[PDB]
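S.K.: Below are the chains, spelled out letter by letter.
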Amino acid sequence: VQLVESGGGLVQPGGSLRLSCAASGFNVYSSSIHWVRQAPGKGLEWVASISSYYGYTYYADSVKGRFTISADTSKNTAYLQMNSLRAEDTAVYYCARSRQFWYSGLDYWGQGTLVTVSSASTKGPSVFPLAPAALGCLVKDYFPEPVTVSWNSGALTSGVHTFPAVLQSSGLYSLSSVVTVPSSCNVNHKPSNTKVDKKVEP
Amino acid sequence: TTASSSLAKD
Amino acid sequence: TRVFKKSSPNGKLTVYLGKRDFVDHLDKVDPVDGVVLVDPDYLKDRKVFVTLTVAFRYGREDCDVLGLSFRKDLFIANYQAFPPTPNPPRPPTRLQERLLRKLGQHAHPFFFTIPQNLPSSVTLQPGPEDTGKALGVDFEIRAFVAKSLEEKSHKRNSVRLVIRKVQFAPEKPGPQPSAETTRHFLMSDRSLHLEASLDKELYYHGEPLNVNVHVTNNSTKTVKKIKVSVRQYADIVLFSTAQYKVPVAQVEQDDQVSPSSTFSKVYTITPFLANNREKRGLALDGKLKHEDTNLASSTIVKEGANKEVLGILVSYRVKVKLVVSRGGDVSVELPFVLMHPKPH
Amino acid sequence: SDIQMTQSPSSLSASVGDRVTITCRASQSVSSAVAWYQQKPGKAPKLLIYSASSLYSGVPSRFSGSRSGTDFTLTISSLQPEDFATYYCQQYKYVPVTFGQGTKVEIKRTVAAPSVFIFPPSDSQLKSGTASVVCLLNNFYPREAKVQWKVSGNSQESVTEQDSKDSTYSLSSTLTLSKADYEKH
Numbered sequence: 001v002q003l004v005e006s007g008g009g010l011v012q013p014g015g016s017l018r019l020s021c022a023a024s025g026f027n028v029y030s031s032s033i034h035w036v037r038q039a040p041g042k043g044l045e046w047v048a049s050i051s052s053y054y055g056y057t058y059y060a061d062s063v064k065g066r067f068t069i070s071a072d073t074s075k076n077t078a079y080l081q082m083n084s085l086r087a088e089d090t091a092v093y094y095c096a097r098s099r100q101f102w103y104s105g106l107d108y109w110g111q112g113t114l115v116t117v118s119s120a121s122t123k124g125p126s127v128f129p130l131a132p133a134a135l136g137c138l139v140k141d142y143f144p145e146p147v148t149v150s151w152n153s154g155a156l157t158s159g160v161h162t163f164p165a166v167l168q169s170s171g172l173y174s175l176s177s178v179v180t181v182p183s184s185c186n187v188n189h190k191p192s193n194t195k196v197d198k199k200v201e202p
Numbered sequence: 203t204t205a206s207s208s209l210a211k212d
Numbered sequence: 213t214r215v216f217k218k219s220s221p222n223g224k225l226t227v228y229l230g231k232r233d234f235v236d237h238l239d240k241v242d243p244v245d246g247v248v249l250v251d252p253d254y255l256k257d258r259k260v261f262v263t264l265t266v267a268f269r270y271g272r273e274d275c276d277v278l279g280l281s282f283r284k285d286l287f288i289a290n291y292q293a294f295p296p297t298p299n300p301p302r303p304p305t306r307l308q309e310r311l312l313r314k315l316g317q318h319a320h321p322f323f324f325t326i327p328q329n330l331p332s333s334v335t336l337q338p339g340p341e342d343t344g345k346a347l348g349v350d351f352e353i354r355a356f357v358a359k360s361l362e363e364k365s366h367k368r369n370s371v372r373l374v375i376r377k378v379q380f381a382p383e384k385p386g387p388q389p390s391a392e393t394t395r396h397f398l399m400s401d402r403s404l405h406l407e408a409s410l411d412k413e414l415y416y417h418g419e420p421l422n423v424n425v426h427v428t429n430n431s432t433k434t435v436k437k438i439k440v441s442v443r444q445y446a447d448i449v450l451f452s453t454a455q456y457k458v459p460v461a462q463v464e465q466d467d468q469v470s471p472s473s474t475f476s477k478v479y480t481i482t483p484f485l486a487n488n489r490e491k492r493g494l495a496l497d498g499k500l501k502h503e504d505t506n507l508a509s510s511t512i513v514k515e516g517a518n519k520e521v522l523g524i525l526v527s528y529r530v531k532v533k534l535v536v537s538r539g540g541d542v543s544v545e546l547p548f549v550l551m552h553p554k555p556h
Numbered sequence: 557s558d559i560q561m562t563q564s565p566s567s568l569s570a571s572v573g574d575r576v577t578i579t580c581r582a583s584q585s586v587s588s589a590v591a592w593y594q595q596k597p598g599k600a601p602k603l604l605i606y607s608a609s610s611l612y613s614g615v616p617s618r619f620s621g622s623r624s625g626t627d628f629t630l631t632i633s634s635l636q637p638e639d640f641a642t643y644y645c646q647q648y649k650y651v652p653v654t655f656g657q658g659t660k661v662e663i664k665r666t667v668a669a670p671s672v673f674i675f676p677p678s679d680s681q682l683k684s685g686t687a688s689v690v691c692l693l694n695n696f697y698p699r700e701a702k703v704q705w706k707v708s709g710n711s712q713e714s715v716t717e718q719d720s721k722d723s724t725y726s727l728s729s730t731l732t733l734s735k736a737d738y739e740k741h
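Chains as they are written, first to last, in my numbering: chain C, 1 to 202; chain H, 203 to 212; chain V, 213 to 556; chain F, 557 to 741.
Everything labelled a hint here was simulated from the structure, so no lab data went into it.
Heads up, a few of these hints could be off.
[To be verified] PhoX-like cross-link-like pairs, simulated, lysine-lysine; straight-line CA separation at most 20 Å:
hint, chain 1, residue 1, chain 2, residue 2
1, F, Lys649, C, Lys42
2, C, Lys75, V, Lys477
3, V, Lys231, F, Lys649
4, V, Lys217, H, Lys211
5, V, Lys259, V, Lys359
6, F, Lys599, C, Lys42
7, F, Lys683, C, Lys198
Start from the sequences, fold in the hints, and give me the full structure.
M.R.: Dropping the structure here:
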């Protein structure tokens with residue numbers, strides 16, 4: 001028994017997208033499909049559910065009408081179409097299974113995929129050195145995630161602390177990392193295909 | 203209406 | 213854990229029932245046990261009784277303006293809760309003792325034994341053309357306080373509560389369900405031999421069924437279409453045997469079996485309610501008030517065949533029909549059960 | 557209608573083999589349709605308790621749950637060192653279901669003082685026209701801290717997960733202003 005998803009990416013607000021979760025190892029009619037979303041750093045909350053056996057559908061109040069849900073018994077797959085996307089709807093999405101007779105929790109959870117909604121475009125990293133003990137590397141105004149930043153192509157991994165990237169109002173993400181060298185960095189951005197290497201000297 | 207009470211554990 | 217409760221409208225009479233669902237083991241059904249709470253000065257001359265009536269109720273109870281139930285009483289029993297009777301049968305039980313400890317002296321134990329020759333909770337599906345609820349055997353526990361058994365019913369006195377009697381699958385699987393059919397012609401020596409076999413004889417709701425069908429068309433006629441369907445049979449007995457059969461799920465494939473050829477296949481068919489919301493006469497498992505449910509759970513009969521026909525009996529069958537050119541249509545039928553597994 | 561939950565505490569810390577109790581409260585009465593869910597950081601959640609008292613299959617017996625009216629008790633007997641994560645509460649006999657706000661559980665250690673590092677904007681950053689002040693707080697315990705600015709608003713702070721090597725915290729805060737605004741001080 002397994003559960004898989006596909007369809008994540010970035011969507012222009014006011015646009016639309018469609019997500020799928022394929023079911024294997026169990027039976028669609030003797031089960032139910034529910035989806036729940038989790039905003040970054042927030043508590044996961046329920047969005048929609050389809051009951052194929054009863055032929056019923058349900059939606060959350062915040063997303064009533066905007067969203068649809070469908071199921072295909074031939075391919076053991078569920079389909080739902082997202083419309084009138086807004087900036088607050090971005091989160092990580094999961095597909096879940098539950099015993100139809102009877103509801104007894106959500107025993108199986110998919111690997112999960114994320115949905116991002118924004119107008120930001122691709123932006124390469126900009127290395128701003130942080131020299132004076134310790135020394136740090138600052139990357140600002142980049143898009144999108146992720147960025148693999150190491151010191152001297154990962155020559156030394158001791159004393160390096162890499163912090164999660166955050167979003168400021170400019171619409172571009174930024175992260176930081178500092179290496180502790182009291183006595184005495186290679187960063188690659190795969191989505192932007194940009195590699196920026198720089199070093200800071202006191 | 204149909205409801206529930208307490209019940210103890212012996 | 214918890215205990216369900218129901219109270220009289222007056223608030224002076226309240227009944228506590230240990231469980232809302234009851235199960236049978238094909239030889240003994242779990243007894244119905246409960247306690248009743250009452251303050252003596254409210255009656256001060258009367259007596260307390262509880263009744264388990266099983267009725268062939270039709271329609272609903274929400275004061276609907278229509279021809280109401282044919283209220284045949286299938287089986288009714290009585291027990292004097294208060295004043296206290298002899299200790300049997302036989303003790304106050306562990307749940308009864310625990311409720312007495314919780315409450316004290318104002319509780320009164322009552323006991324009941326459900327005879328093994330009684331039906332299972334079944335309810336016919338109400339048709340959209342008609343109005344309100346539909347008929348179906350159902351259980352009910354009614355506790356009332358009065359001086360006499362035949363004393364007139366009072367709403368403030370009587371308290372009404374609904375219970376269900378459902379069955380659970382035995383852990384021992386049965387024999388493999390299979391069938392065969394060899395159909396010759398009117399005179400010619402050519403014949404038509406077909407085979408049907410099943411995965412199992414027991415299945416769970418929603419779980420697909422894969423019928424193993426094989427055809428040996430060593431004949432001269434041609435097979436036009438193959439029809440695959442699952443039939444439901446509802447043996448209704450009130451005072452005369454009745455049988456309302458109705459299909460629930462049918463699947464078709466435009467496959468042609470040529471003369472002097474062999475053809476085998478497996479088909480996936482699932483009994484489910486989503487596509488049969490409107491078919492009147494479909495049988496659904498007993499509801500609590502009005503909530504939805506699955507299809508009617510197949511009711512296994514006890515080993516000793518006796519009669520057991522005092523209510524609604526439901527069974528399932530699957531038939532595969534072979535459309536043979538210019539006559540000679542032949543179909544194969546086979547039984548199987550479909551009902552819940554053993555919970556924990 | 558909307559049946560909101562109210563769990564507490566939002567966060568707590570413990571150690572190996574401790575008795576940890578987390579409580580879930582419901583704004584209305586729910587009979588038994590209450591479940592307990594654990595989610596490791598960055599990965600899919602997984603059920604631990606369903607029907608408010610049953611322990612799901614493939615789960616060590618050390619977990620346990622209890623009910624008291626509208627209050628729910630979730631206890632761990634001997635907390636294994638790989639269980640440090642967040643926990644979630646849900647009720648599921650009314651549509652729609654509702655979930656908790658997350659409850660962090662982490663290992664405890666001694667209190668460690670931090671080493672404050674402030675980094676000036678780079679020369680290329682100086683020529684870029686935007687200036688940022690990098691504030692560093694490394695190897696400190698616990699996570700909470702108080703940092704002031706005076707040389708204010710327009711500041712963002714980042715903190716990482718407990719470094720298991722030293723069981724401590726590292727925090728980074730950034731103060732970004734313009735060159736004219738930076739130089740007026």
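S.K.: Each hint should be assessed against the structure and marked as holding or not.
M.R.: Going down the list of hints, with the structure as the test:
With a C-alpha separation of about 23 Å, the suggested pairing of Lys649 of chain F with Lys42 of chain C is violated against the 20 Å cut-off. Taken as a hint, the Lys75 of chain C and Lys477 of chain V pair is honoured in the structure, with Cα atoms around 19 Å apart against an allowance of 20 Å. In summary, the hint linking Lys231 of chain V to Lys649 of chain F is supported, as the alpha carbons are separated by about 19 Å, within the 20 Å threshold. Note on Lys217 of chain V and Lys211 of chain H: the hinted pairing holds, with a Cα-Cα distance of about 18 Å set against a maximum of 20 Å.
Under the criterion of a C-alpha separation no larger than 20 Å, the hint pairing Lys259 of chain V with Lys359 of chain V is consistent with the structure, at around 5 Å. Restraint check for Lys599 of chain F and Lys42 of chain C: the C-alpha separation of about 14 Å stays at or below 20 Å, so the hint holds. Restraint check for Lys683 of chain F and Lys198 of chain C: satisfied, since their Cα atoms lie roughly 17 Å apart, inside the 20 Å limit.
In the structure shown, a violation is registered for the earlier hint numbered 1 alone.
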